[PDB]
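Undergrad: These are the residues of each chain, in order.
Number of protein chains: 2
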Amino acid sequence: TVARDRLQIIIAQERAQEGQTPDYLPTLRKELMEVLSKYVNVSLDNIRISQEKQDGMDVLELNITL
Amino acid sequence: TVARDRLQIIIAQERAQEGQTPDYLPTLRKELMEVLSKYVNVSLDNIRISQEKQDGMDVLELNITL
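If you're matching them up, the sequences are chains B and A in order.
Heads up: the first sequence runs through residues 16 to 81, numbered per PDB author numbering.
Heads up: the second sequence runs through residues 16 to 81, numbered per PDB author numbering.
Take the hints with a grain of salt, since some may be wrong.
Note: identical chains are not told apart, hence a pair may lie in one copy or across any two.
As the list claims (entries may be wrong) - Straight-line distance between alpha carbons at most 20 Å, and here's what the computed EDC-like set of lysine to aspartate or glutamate pairs gives:
no.: 1; residue 1: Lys45; residue 2: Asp70
no.: 2; residue 1: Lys68; residue 2: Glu29
no.: 3; residue 1: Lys53; residue 2: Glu29
Source of the hints: derived by calculation from the structure; they are not laboratory data.
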């Protein structure tokens, strides 16, 4: 099923302005943690989230497994 | 600024059950087209969206530029 399937979502902000603040990730965080969870019925324990900034790119990696 | 920055979001469903129907993408579609657009103030003309299924993986690629 879709729930049993693997859902991977990666968000990259390339050349990120440090003078400004991403006002879109906070929403995506809810979108990936809360919203998608209800669709696949997978716990935040079974969901891996890793936000990491390399070079000038901020990468947010989602791995939802079941 | 964050708006001027490049936002790339890729959604992959690996080993996709064809007997079932993704009931999470429809929401993500609104999340990437409508919701994020308001945060970066970028038009759907300046946003590239490509959904393509290869092997058993359905990939949805987002490129928001400005």
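Undergrad: Starting from the hint list further up, note which numbers the structure goes against and sort them upward.
TA: 1
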